[PDB]
Structures are given as C-alpha cells and as structure tokens.
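Visitor: So the chains spell out like this:
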Amino acid sequence: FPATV
Amino acid sequence: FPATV
Amino acid sequence: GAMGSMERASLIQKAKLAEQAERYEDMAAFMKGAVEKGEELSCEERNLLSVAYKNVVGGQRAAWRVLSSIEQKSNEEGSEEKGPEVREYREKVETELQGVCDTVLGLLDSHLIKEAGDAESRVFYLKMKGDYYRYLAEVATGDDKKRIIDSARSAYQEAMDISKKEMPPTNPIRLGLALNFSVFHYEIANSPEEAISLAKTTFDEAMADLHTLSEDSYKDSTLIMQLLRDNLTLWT
Amino acid sequence: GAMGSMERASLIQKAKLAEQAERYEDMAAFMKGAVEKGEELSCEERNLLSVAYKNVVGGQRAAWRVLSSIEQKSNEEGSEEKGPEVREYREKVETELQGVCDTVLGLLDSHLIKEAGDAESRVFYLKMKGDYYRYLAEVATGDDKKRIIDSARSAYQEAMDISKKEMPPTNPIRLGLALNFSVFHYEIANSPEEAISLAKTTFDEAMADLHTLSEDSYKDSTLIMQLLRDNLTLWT
Ligand SMILES: *CC(=O)NCC1CCN(C(=O)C2(Nc3ccc(Cl)cc3)CC2)CC1
Ligand SMILES: *CC(=O)NCC1CCN(C(=O)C2(Nc3ccc(Cl)cc3)CC2)CC1
Ligand SMILES: [Mg+2]
Ligand SMILES: [Mg+2]
Ligand SMILES: [Mg+2]
Ligand SMILES: [Mg+2]
Ligand SMILES: [Mg+2]
Ligand SMILES: [Mg+2]
Numbered sequence: 124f125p126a127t128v
Numbered sequence: 124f125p126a127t128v
Numbered sequence: 038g039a040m041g042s043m044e045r046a047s048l049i050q051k052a053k054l055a056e057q058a059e060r061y062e063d064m065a066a067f068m069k070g071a072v073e074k075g076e077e078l079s080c081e082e083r084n085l086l087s088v089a090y091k092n093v094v095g096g097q098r099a100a101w102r103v104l105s106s107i108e109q110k111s112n113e114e115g116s117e118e119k120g121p122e123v124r125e126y127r128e129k130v131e132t133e134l135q136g137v138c139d140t141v142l143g144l145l146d147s148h149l150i151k152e153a154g155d156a157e158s159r160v161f162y163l164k165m166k167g168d169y170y171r172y173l174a175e176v177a178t179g180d181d182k183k184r185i186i187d188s189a190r191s192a193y194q195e196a197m198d199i200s201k202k203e204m205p206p207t208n209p210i211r212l213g214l215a216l217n218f219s220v221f222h223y224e225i226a227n228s229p230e231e232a233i234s235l236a237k238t239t240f241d242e243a244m245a246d247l248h249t250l251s252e253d254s255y256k257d258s259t260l261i262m263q264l265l266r267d268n269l270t271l272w273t
Numbered sequence: 038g039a040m041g042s043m044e045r046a047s048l049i050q051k052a053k054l055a056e057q058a059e060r061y062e063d064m065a066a067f068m069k070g071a072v073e074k075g076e077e078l079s080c081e082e083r084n085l086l087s088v089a090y091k092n093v094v095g096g097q098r099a100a101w102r103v104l105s106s107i108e109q110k111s112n113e114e115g116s117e118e119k120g121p122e123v124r125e126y127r128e129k130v131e132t133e134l135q136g137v138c139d140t141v142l143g144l145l146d147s148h149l150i151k152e153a154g155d156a157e158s159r160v161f162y163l164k165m166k167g168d169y170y171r172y173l174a175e176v177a178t179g180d181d182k183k184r185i186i187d188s189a190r191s192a193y194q195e196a197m198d199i200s201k202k203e204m205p206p207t208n209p210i211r212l213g214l215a216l217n218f219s220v221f222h223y224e225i226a227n228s229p230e231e232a233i234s235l236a237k238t239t240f241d242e243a244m245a246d247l248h249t250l251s252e253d254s255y256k257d258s259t260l261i262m263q264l265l266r267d268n269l270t271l272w273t
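Chains as they are written, first to last, in the numbering used here: chain A, 124 to 128; chain B, 124 to 128; chain C, 38 to 273; chain D, 38 to 273.
Keep in mind the hints are simulated off the structure, nothing from the lab.
There could be a bad hint or two in this list.
[Stated by the list, open to error] Straight-line alpha carbon distances no greater than 30 angstroms define the calculated DSSO-like cross-link-like pairs of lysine-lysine that follow:
1) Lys129(D) / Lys53(C)
2) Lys119(C) / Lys129(D)
3) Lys182(D) / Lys151(D)
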C-alpha cells in the first residue's frame, strides 16, 4: 500500500 | 510492567 | 441485548473475524452476546471471550496510565495550573474501564461461574474474576478499595485451591493463574515476597513435571513458565 | 452535540491528551466538538482534526481490507459455503467507515471550507475532502461510484490549482496534497501514468527549491519528498 499523509 | 496472561 | 437476534454460532464466527481484523471491541460485544445465549462455553469459546476483553481493557489500562502520569505531574510543585481537564479526561477513561470490568464480572456472575463444574472451566472463570477485580483495584482510591482487593484475592484463591487439587503443575491454566495471582501480590497487595515465592514454586513444580508431556504440551507450558521467569527476573 | 457543553479550549486540551493516550476515537470526537463551536481552526488545530480522523479511518480501512480479503476467498471455486456472516460483518465495518467519512465531509461542508480564505487552510481542507471521498471510493461498488470518484478528483484538483498559485513547491501541504492526489490516480482512477508523472514532477520541483529553506523547513519538506520517492519506487 502506498504512502499518504 | 510485569507479565500476565 | 443488541446481539439478541443473532444466532450463537454466527456471533462466534464473527468474534473470530473480529479477532482477525483486530476489532477487539466488536469481538467482545460478539462474545458477550454469545455468553448471553445462556449455554456453557467450550474451551475455544472461553478463550475468545478472554482475548476480546483482555485486549479492550488492556488498551484502557494503558491509556489510564498515560493520563494518570500527566495528572500526577500536574500536582507537583512548580506545575502551572491547567484547570480540571486532565482529571476530567482521566475520570472519563476510568469510568469506561470500570464499565468494561463490571460487564465482564457480570457475565461471570450471571451465570458462567455457577454452571462451570469442570476444573478447567471453573479455574479459568475464577481467574478472570480475579483479573477484572484486579483491574478495578488498580484505579480504586476510595472507601471500597480494600473490599475490591479482597474480591480479587478471594477469586484467585478459590481458583488456586481447585487448580492445585485437580490439575497437573504444568497445566497452562494453572500456570497462568499463578502468574497473575503472583502479579496481584506484587502490584496490588503490597506482598512482593509472596509474589516471588509463588512464582518460584510454580516454576519449579512445573519444571519437575515437564517430562510427562508431549512436544506440543511442553511448548504450551514452557511459554508460561518463561513469563514466570521474566517476572522473577524483574523482581530480584 | 454531546460536546456542546464543553469549552472550545477544553476540547482542544482534551484532544491533545487523547492523542498522547492513543485514544483516537476520543480525539476525533473532541475535535468534532471544537469545529462545531463555529470558529475557524488554527494550523495546530487543523492538524489535530486531521490526525484524529486519519487514525480512526485508517484503522477502519485496515479492518475492511482484512474482511474483504476473507470474503473474496469465500467466493472462489472450492470454498465451502459459510453463510452470510463474512459479508454481514464486512458490511458492518464498511457502514461505520462510511459514517466516519460522512462526518468529516460534513464538518468540511458545514462550514470549514467556505470560511477558509488563506491558501494554507483552504488547500488543507480541500485535500481532506479529496481524501475522505477517496476512502468512500475504496469501498464503493454501486450506482454512485463514478460520482464519488469524481467528487474526490474535483476536491483534489481545486486544492492543486490553489497550491500551485499560492504556495512554494516545497510547502509541506502542497507536497502532501500531491502525494495523496498521485495515490488517488494510481489506486482509484486507474491512471498510473498520471500518478507517476505527478509524483516525479512534484519531487523534482521541490528539489529545486530546497536551497531557499532553513534547516527546519528542509527537514519538513524532505520528509514528504521521501514519501513521493517511496511511491515512485513501488510503482516503477
Ligand atoms: C480452554 C483452555 O484450555 N484455555 C487455555 C489456553 C492455554 C494456552 N494458552 C496460552 O498459553 C495463552 N493464554 C492463556 C490464557 C489464560 C490462561 Cl489461564 C493461560 C494462558 C496465550 C498465552 C491459550 C489459552
Ligand atoms: C497547519 C499546517 O501547516 N499543517 C501542515 C503540517 C506540515 C508538516 N506535517 C507533516 O509533514 C505530516 N503531516 C501532514 C499532514 C497533511 C499534509 Cl497536507 C502534509 C503533511 C506529519 C507528516 C504536519 C502537518
Ligand atoms: Mg439459535
Ligand atoms: Mg473515578
Ligand atoms: Mg500458598
Ligand atoms: Mg466558550
Ligand atoms: Mg455497503
Ligand atoms: Mg497537471
């Protein structure tokens, strides 16, 4: 799963 | 803190 | 009884799904519903019940400790007055924790314990009763603190008496009971010598009975024996 | 409005305590109460709001993914029929997730966005709007899936347009918006090329502006740039 902020 | 189960 | 319309088997199935999803509040609610069907619990089911509530209350205890520490620091000399909010929020968490404990104790009293005749079930439930009174004792500061502590002690003692008569010294339930009662002595009853003696004797008597066990039983017993050792190491 | 009787400042204080205690549901409820006082939020307060709901919904998304995986496996050939329970429990978690998203979107619409005039506040809220529509899109399977996806896209696009006009390429809000909009492209809009282009261009334009920054601003910007790089590495 990709990084989000 | 000590171990409990 | 929000779970009153759900099949017992479906509640058990969902408790297992909730565990896999790390949804411990859901898991506990499902298991409460299952208990309230009124049938006795199997071993697997007792473990689902205990895991669910242990995780819920464990999180509440950790939060309570964070908040209590902040509160204690606020009451030191040279701490600036910040108003009632820290105490209020610690009280909120505390009340929620007490509610969970009361819920569990309620399930045990109505009617898990009284229907539990086999040593493995009866000791397991009495241990739980001791544990949830212990959690109440951790946060108790009033008129009833002594009675709460005694309620924990009494439950653990009954469990101990049965376990010593009816179970081998390596039985994981007997071991876990002893581990937790030892912690009760150390942390709640201001009896570190009793705590240490109990842990040591329990460990040594289990060690002497390992020879009777299968590989799989050996694994189960040695796991809890290591917890006894860990606590002894912390305390000595 | 269970928080209607509590002072704004007390809600903010308690949100901070809840964060320290890792009580993210409480933190979100406190921040909802603070928003509902009707005053604009400061930067620190916007971050408390976002952290609280990110943590709550993050946990729900992780649980939903576990349950959806189990459900998908149940629908494969040679899987034994286990009844409606997996779908029911996935639906329960899903409904709770949608409720949280709707709550956040509600705060943004009533009336955070319309009162936000400074670029840093407006972009931050529009990014949040994109994010919570994205979470709705992740679980959408019906008639409105396209409109939900478009709602996310529109919110992100408005935020992007403002950020490019009003903020330097290293601004952490501009970077985080681009990071998340890039993920939207990759995971939701079936546009991996757009995702990769956005991440790359954002990274490279930030790199070129690092020379203007203090040590502390450099730390903040490079942290998010590394997330852009991490995603590029995953995707290429
Ligand atoms: C029905 C039953 O036999 N339950 C006990 C098992 C024993 C093995 N076990 C463990 O070692 C762990 N949990 C506990 C829980 C309670 C007690 Cl009293 C002992 C051990 C996982 C440590 C799982 C439960
Ligand atoms: C009011 C304000 O300036 N908020 C943004 C800050 C920027 C720095 N920061 C971060 O790097 C982390 N969180 C976020 C959150 C949202 C966005 Cl758009 C970017 C970054 C912690 C990663 C904290 C919030
Ligand atoms: Mg039935
Ligand atoms: Mg109290
Ligand atoms: Mg004795
Ligand atoms: Mg006021
Ligand atoms: Mg649905
Ligand atoms: Mg573009």
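Visitor: Holds or violated: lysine 182(D) and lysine 151(D), Cα atoms, limit 30 angstroms.
Guide: With Cα atoms ~26 angstroms apart, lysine 182(D) and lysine 151(D) stay inside 30 angstroms; holds.
Visitor: Can the restraint linking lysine 129(D) and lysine 53(C) be considered satisfied, given a maximum Cα separation of 30 angstroms?
Guide: 15 angstroms, holds
Visitor: Against the 30 angstroms threshold, does the CA-CA distance of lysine 119(C) and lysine 129(D) hold or violate the hint?
Guide: Distance ~40 angstroms between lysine 119(C) and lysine 129(D) Cα, so the pair is violated.
Hint check: a violation occurs at hint 2 only; the rest are consistent with the structure.
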